[PDB]
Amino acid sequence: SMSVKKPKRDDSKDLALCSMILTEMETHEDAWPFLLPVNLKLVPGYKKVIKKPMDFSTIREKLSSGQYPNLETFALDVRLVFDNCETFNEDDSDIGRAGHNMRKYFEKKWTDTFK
């Protein structure tokens, strides 16, 4: 509360560390469904169904331009990528499986880096 603060967690490396995680997600072999925005002209249903499209390239631009106020808002966008993927894709599809794998990969890196 006013004039009463928990001890200051060092957040000065968060930007660099989120960038590193993101690089690792970008270079994973199962990243291909997620690298670029879904083409809303060419994928029927996507525009109407997925209210907040997100992809690695869009996260990378947001990261690079100071549009994440803190590491939690970064993790929300990454998770949004996977939550979108589960909303639109069957579990038993290549893309559905990609999304599960990437989410797992991300969550471990997240925990190991920050928790």
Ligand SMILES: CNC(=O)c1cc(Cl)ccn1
Given for the second form:
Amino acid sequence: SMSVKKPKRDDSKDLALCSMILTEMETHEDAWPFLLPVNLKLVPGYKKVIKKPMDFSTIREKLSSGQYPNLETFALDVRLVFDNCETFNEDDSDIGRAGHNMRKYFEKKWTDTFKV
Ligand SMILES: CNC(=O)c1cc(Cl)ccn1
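Return one more block: the form solved in complex with this ligand, after the form deposited without this ligand shown previously.
Everything in the complex follows now, all chains and molecules, and the chain you saw is the first one.
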């Protein structure tokens, strides 16, 4: 509270670390459904069903232009990508399984990087 400071982590490497993690996502072989925005004019139903589209290149642009206040908002966008994927794609589809794979890959990188 006011004048009662909570010890907080050193965040100075966060930006660099998130860029690193995002580069690893982008270079993963199953990243292909997520590299670019879904083409809302070629994909039937997506615009109406998915209220907040997100993709890696958009995350990269936001990361590169100071649009993430902190680690957590970055992680929210990454998770949104896989959340949208699950919403729209069958689990037993190539894109659906890509999503589950990429999510798992992210969470491991995330844990390995930031959680002790
Ligand atoms: C993340 N990409 C998708 O969810 C998607 C799904 C379909 Cl069917 C076509 C293009 N993109």
